[PDB]
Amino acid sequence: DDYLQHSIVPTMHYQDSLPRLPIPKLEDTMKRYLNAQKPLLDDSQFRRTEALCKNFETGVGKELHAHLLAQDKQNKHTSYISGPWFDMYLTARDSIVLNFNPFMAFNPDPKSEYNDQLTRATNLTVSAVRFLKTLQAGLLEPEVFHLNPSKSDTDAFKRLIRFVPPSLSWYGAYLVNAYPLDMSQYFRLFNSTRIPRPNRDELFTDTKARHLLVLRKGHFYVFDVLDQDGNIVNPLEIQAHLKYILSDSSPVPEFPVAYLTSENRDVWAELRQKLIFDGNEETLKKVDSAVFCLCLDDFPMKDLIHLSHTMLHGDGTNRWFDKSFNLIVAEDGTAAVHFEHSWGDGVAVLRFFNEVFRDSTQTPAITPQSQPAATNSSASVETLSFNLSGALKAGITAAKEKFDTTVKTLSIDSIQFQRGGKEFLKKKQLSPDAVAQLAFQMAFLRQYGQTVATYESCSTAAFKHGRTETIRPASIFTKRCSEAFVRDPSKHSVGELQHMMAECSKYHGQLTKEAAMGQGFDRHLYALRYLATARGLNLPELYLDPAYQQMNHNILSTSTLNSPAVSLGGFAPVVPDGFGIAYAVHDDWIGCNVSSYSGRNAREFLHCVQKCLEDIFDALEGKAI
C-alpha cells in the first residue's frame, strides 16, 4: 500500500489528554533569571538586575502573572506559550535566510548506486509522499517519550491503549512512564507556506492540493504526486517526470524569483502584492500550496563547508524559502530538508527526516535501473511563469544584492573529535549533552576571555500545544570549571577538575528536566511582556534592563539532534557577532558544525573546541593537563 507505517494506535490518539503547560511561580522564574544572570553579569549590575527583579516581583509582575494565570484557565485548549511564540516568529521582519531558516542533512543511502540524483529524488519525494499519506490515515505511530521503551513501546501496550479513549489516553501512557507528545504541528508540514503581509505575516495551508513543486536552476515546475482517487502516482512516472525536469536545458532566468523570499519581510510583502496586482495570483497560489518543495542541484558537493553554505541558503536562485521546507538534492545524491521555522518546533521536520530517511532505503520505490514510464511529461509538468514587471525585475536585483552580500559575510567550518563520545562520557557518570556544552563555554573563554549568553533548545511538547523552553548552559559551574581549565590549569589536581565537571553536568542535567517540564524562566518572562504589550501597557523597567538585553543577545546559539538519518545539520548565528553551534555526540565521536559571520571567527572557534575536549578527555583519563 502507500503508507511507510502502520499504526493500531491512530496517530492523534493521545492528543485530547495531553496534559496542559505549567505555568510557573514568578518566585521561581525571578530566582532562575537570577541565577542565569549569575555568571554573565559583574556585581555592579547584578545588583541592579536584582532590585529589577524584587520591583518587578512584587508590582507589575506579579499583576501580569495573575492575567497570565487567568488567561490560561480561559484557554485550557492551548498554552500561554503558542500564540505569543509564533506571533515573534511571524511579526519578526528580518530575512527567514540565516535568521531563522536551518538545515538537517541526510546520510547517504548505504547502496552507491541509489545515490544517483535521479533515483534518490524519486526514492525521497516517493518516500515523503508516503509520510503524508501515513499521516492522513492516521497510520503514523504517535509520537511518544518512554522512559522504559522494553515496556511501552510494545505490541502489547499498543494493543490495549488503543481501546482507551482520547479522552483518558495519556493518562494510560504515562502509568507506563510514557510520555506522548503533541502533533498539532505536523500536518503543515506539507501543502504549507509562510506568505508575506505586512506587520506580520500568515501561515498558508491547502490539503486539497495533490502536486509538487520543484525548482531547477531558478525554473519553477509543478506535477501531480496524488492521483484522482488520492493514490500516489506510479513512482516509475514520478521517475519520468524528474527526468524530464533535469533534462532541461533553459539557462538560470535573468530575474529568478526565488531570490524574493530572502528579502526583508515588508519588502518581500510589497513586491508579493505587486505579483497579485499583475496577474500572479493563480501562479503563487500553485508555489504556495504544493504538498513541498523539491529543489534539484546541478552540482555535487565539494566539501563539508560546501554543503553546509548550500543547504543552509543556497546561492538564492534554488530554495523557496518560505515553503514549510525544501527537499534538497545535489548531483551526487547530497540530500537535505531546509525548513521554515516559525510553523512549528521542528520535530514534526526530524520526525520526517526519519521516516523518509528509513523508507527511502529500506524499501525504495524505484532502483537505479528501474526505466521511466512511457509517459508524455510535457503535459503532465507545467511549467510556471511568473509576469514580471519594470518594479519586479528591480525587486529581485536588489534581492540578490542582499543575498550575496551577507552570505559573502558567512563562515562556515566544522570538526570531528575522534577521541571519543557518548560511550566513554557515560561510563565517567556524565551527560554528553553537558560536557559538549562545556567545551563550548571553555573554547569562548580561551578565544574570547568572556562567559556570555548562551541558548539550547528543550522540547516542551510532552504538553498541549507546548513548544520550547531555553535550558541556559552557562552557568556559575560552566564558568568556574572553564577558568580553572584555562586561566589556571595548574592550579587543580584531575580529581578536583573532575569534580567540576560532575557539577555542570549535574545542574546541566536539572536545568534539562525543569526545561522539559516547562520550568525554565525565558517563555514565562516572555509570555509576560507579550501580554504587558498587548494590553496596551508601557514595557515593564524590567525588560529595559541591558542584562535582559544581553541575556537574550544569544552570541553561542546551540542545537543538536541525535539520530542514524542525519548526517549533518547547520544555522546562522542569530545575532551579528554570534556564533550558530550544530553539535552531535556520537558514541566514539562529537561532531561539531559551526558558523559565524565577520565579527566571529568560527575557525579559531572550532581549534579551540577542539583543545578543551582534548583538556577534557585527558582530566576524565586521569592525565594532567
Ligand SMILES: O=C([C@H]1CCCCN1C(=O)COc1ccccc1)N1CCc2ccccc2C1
Given for the second form:
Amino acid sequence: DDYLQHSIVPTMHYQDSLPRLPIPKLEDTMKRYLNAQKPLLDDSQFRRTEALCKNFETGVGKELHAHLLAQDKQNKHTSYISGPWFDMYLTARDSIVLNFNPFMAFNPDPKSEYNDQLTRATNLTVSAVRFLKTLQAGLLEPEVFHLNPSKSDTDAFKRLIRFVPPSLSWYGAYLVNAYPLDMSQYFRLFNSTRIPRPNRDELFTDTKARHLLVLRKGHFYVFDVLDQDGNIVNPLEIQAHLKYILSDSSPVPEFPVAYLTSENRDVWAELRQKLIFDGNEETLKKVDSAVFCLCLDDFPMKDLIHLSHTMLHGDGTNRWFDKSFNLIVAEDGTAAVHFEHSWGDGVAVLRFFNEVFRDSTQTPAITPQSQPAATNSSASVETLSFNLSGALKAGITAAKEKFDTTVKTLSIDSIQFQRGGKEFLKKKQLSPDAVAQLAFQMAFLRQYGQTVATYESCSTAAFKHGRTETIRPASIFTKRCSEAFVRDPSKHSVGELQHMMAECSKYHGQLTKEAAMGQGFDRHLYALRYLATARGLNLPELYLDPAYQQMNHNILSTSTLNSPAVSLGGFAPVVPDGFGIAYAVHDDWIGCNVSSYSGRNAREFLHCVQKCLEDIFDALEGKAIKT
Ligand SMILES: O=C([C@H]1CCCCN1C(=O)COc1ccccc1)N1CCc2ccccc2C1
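Given the form deposited without the named molecule above, I would also like to look at the protein as it appears in the form deposited with the named molecule bound.
Let us now look at the entire complex, which starts with that chain.
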C-alpha cells in the first residue's frame, strides 16, 4: 500500500494525556540563573546581578510570576511557553537564512548505484509522500522515548495500550518507563510555509493540496504526487516527471524569484504584496500549498564543506526558504533536508528524516534500472511563471546582493575524531554528552582565553505542547576543569583530572535531567519578560542588566542528535562573533560540524577541539598529558 508503517497504536494516542509542562518556583529559577552566571561574571558584576535578582524575586518578578501561574491554570490545554516561543520567531524580522534555518544530510544508500540523482530523487520523494499518508492515516507509530525497550517497545504492550482510553494512555506508558512525546507540530511538515507579513509572519497550511513543488536552476515546477482519489501517483510516473524537469535546457532566470525568501521579513512582506497586486496570487498559492519543495541541484559535492554550504544556504536561486522544508538532491545523489525553524522544534523533522531514510533504502520505490512510465509530462507538469514589475526586478537584484555578501562571510569545517566515542566514555562512567561539551569549553579557553555564554538545546517534548529548554553547559565545574587542563598542563595528576571530569559529568547530567523536566531557568525568565512586554510594562531592571544580555548572546551555540540516517547536520552561528556547533558522539568516534563568520575561524576552533579531546582521552587512559 501507500504506507511506510502500520502502527497498532494510533499516532496521536497519547496526546490527550501528556503531563502539563511545569513552571518552576521563582526562587529556584533565580538560584539557577545565578549558578549559570557564576562562571561568566567577575566578582563585582556578580554582586550587582545578585542584588537585582533579590529585588526581582520580592518585587515585580513575584507579581509577573503570579500572573504567569494564573494564566497557565486557565490555559491547561497547552504549555506556558509554546505561544510566546512561536511569537518570538514569527515576529523576528531578520533573514531566516543562516540566522534560523538548519540542515541535516542523509547518509548515502549503502547500495552504491541507488545514489543516481534521478533514482534517489524519485525514491526519497515517494518515501516522503508515503510518510505524509502514514501520518494523516494515523498509522505512524507514536513518538515515545523508552528507558526499558525490552518491556515497553513490544507488540504485547502495543496491543494492550491501544485499548486504554486516550485520557489514561500516558500513565500506562509511564508505568513501563516509557515517555510519549508531543506530536502537535507534525502536521506542519507538509503543505505548509511561512508567509511574510508586516510586523509578524504567519504559518500557512492547506491539507487539500496534492502537488509537489520542484526547483531546478531557479525555475519552479509543480505536478501531482497524490491522485484525485488520494492515492500516491505511480512512482514510475513521478520518475518520468522528474526526468522531464531534469531535461529542461532553460538557463537560470535573469531574476530568480527564490532570492526573495532570503530577505528581511518586512522587505519580503512588502514585495510579496506587490506580487499579489501584479496578479501572482494563484502562482503564489501553488508555491505555498505544495506538499514540500524538492530542489534538484545540477552539480556534485566536492567534499563535506561544499556539502554543508550547499545544504545550509546554496547559491540563493534554488531554495524556497519559507517552505516547511526543502528536500535537496545533488547530481551525485547527495541528499539533505533544509528546514524552516519557526514551525517547530525539529523533532518532527528528525522522525521524518529517519523513516524516509529507512523506507527509501530498504524498500525503494524504483531501481536504477527502472524505466520511467510512458507519459506526456508536458501535460502533467506545470512550469510556473511570475509577472514581475520593475519594482520586483529591483527587489530581486537587491535581495541577491544582500544574500551574496552575507553568505560569503560564512566558513564551515568538520572533524571526525576516531580515537573513541560513547563505548569508551561509558566504560569510564562519564556522560558522553558532558565530555563533548567540556571539550568545547576547553577549546574556547585555550584559543581565546575566555569563558563565554554557551547554549545547548534540550527537548521538553515529554510534556503537552512542550518545546525546548536551554541546558547551560558552562558551569563552575567545566571552568575549573578547563583551567586545569589548559593553564599549566603539567600541573594536575591524571587522578585529579579524572576527578574533575567526573564532577563536570555529574553536574551536566543534573542540568540535563532538570532541563528535560522543565526545570531550567531560561524559558521561565523569558516567559516573565514576555508577559511584561505584552502588557506594556517597562522592562524590569533584571533584563536591563548587561549580564542578562551577555547570558543571551550565545557565542557557543551547540546542538546534537543521534541517528543512523544522518551523515551530518549544521547551522550558522546565532551571533556575529559566535560558532554554530553541530556534534554527535557515536559508539566509536566523535563528529563535529562547526560554522563561523569572519570574526572567528571554524577550522582553527576544531584544531583546538581535537587537541582537547586527545587531552581528555589521554587523561582517562591514565596517560601523562602531552603536546
Ligand atoms: O537526549 C536528550 C537531550 C540531552 C542530550 C543532548 C540532546 N538532548 C535533546 O533533547 C535534544 O533536543 C533538541 C530539540 C530540538 C532541537 C535540537 C535538539 N534527551 C532529553 C530529554 C528527552 C525528551 C524526549 C525524548 C528524549 C529525551 C532525551
